[PDB]
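Let me begin by presenting the structure, written as structure tokens, before commenting on it.
Only a single protein chain was left out; the remaining protein chains are all shown in position.
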Amino acid sequence: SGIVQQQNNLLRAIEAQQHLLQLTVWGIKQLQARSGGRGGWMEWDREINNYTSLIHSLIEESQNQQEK
Amino acid sequence: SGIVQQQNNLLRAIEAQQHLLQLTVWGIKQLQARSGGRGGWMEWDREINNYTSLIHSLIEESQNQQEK
Partner (left out) sequence: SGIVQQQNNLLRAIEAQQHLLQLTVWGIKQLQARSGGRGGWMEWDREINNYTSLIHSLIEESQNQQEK
């Protein structure tokens, strides 16, 4: 036990930052789509989903797990 | 009270990460501008500003509020 608001203000930033990134990925994807299909990036897309999924879960296990 | 350097090293990362993102958003924006105007993304731009603004403020309220 020690310092919790600073930990919640930091977590609240990561989350917001997570949203920011998802907007960029979208902006990037759409620009790619401009050429013709984004079939060459499955591994890029899958890589994105992989980490985003790990982060969302990392955030959720951090919010519901700290109440002391 | 407990562990502060690790909290400052993490905050210092979010901040730096904030800068990284703003460079990407710029890189993305300019590439969009290449076609012809970015008038269709106001909501995208506004969404960006919205979170970036929440994060900057979240960071500042975290720096000046922890001195114990």
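Residue numbering begins at 1 within each chain, and the chains themselves are lettered A and B in the order written.
Rule of thumb we're sticking to: a residue touches a chain if its C-beta (ideal position, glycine included) is under 8 Å from a C-beta of that chain, and two chains touch if they have at least 3 such contacts.
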Handout entry: On chain A, residues whose C-beta touches the chain left out of the figure
Key = 1-4, 7, 10-11, 14, 17-18, 21, 24-25, 28, 31-32, 35, 41, 44, 47-48, 51-52, 54-55, 58-59, 61-62, 65-66, 68
Handout entry: chain B residues that touch the omitted chain in the full complex
Key = 1-3, 5-7, 9-10, 12-14, 16-17, 19-21, 23-24, 27-28, 31, 34
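Keep this in mind: only the chains that are shown with their structure count from here on.
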Problem - Centroid distance [mean C-alpha coordinates] between chain B and chain A, Å - result: 13
